[PDB]
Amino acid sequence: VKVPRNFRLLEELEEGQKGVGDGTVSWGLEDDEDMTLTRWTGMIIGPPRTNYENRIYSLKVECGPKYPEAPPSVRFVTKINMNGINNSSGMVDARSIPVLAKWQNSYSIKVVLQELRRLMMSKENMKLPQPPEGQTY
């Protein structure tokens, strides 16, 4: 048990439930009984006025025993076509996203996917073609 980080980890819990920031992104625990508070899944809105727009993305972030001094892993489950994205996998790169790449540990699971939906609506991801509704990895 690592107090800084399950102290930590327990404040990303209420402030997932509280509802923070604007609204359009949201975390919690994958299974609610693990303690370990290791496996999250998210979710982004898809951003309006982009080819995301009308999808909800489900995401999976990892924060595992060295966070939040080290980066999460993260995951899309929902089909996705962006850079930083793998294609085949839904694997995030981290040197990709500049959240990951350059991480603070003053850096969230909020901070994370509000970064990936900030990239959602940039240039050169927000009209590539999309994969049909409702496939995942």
Second form
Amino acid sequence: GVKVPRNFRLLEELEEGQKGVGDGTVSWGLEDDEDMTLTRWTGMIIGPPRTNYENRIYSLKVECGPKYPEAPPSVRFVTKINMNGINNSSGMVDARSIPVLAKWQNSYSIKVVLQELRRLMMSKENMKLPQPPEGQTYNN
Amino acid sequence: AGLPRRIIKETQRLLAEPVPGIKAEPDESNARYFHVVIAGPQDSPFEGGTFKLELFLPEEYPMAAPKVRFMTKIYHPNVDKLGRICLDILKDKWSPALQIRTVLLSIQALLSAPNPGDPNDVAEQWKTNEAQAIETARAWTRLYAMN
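Now show me the form deposited with the partner chain bound, since the one above was the form solved without the partner chain.
So here's everything in the complex, that chain up top.
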């Protein structure tokens, strides 16, 4: 079929981010509003209800490299979180442990990644994990 | 089994009869994706500079407008911080009768004669202090468009 080139796909995601989607429990935008490369993004996830993540806002950094969206983006939590697939010391998201990233398709997007991480927060193996104090962030 | 004739024609015409001051090269992977360089027009504050632009022909081309954006930072009332271009024919006034060549020289004409009146800080600066806006445009040309 017809592939939309990286920069134009990212402009589409930019506009969708600004319009917002669904109930607004995930959101994304450019980290630097003068970054013409559209590389570094800020992600936000509202922790889901009836989990240990509830009523907490999670900030993330999402990096869309030169081969995005053929290649998956790199993701890390800024806000500290105890969650399977997330390195507990650095916040880095292990792609092999998150199915959307391990089985990446070029139809996916920053939105899809954030929605998946939020869905996974509701999983039996995550929803009961004791969390660090609210507000803490990793370094680097 | 490939591209519509029009695209083949327009692609081949861009490489055979190039618009003066404008270079266009095909992407090495995407036959609807083009890398453009526009020379700053003579007697403009962008003169002497070269500006990277990218062009994409969407599936619905020519029913749908081509997608165009600056990749070189530029101080201009019709170009934003991410390089997006506000030009009638790229959205509202686009018709299939227009072609890629028309878009490129129109963008070039925009550089030759900025339109501050267009419904941002840049455009507003160009209205109230045009002299300073022009020297700022020249400054950014020196900083971002000379290599």
